[PDB]
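Read the single chain below, which is given as structure tokens and is the form solved without the DNA.
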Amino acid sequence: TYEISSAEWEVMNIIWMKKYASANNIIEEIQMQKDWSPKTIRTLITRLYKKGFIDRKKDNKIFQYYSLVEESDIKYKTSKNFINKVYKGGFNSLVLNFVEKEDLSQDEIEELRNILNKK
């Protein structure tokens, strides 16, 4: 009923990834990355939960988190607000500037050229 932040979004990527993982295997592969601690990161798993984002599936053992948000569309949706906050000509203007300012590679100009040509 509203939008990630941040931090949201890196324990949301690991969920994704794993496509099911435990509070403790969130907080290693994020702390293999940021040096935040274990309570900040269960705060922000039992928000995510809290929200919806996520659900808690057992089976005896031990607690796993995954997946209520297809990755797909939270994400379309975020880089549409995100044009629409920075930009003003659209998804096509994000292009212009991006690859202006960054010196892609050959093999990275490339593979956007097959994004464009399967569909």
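Superpose the two forms; the largest set of C-alphas matching within 1.5 Å is the rigid core. Positions refer to the first chain, counted from 1. Compared with the form deposited with the DNA bound:
The comparison between the two forms, aligned on the rigid core, picks out a single residue among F82, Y76, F91, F63 whose CA moves by 2 Å or more, and that residue is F63.
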The other form holds:
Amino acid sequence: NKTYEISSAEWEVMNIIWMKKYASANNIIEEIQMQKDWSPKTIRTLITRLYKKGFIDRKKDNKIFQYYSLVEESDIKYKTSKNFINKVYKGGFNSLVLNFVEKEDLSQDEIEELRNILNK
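Right, the form solved without the DNA is done; let's see the coordinates for the form deposited with the DNA bound.
Just this one chain is shown here; partners and other molecules are left out.
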């Protein structure tokens, strides 16, 4: 009946899951621990949560649960970014891009690259 969301800490599990396509909590724990610095009890909880929310699902490979995504990366990211831009920016997308630009956040080469992603 209710829709759920991916929390900020949950984005890390998701990203890792997407990277590995198919992975135990352990596989995921090792990786996250190279980046961020969290307890395996923590990472395991986040996993559980994503699972109860139905963002991820699992199969038992030889006794151990493997986790995989049930939502497509680009779709949910966009969905998310679209939602973020709307709460923060009254000007929408262009406004965001303008904000990043006036904060010299983009290098000459970067502006180059974006003009190519556009020039499609």
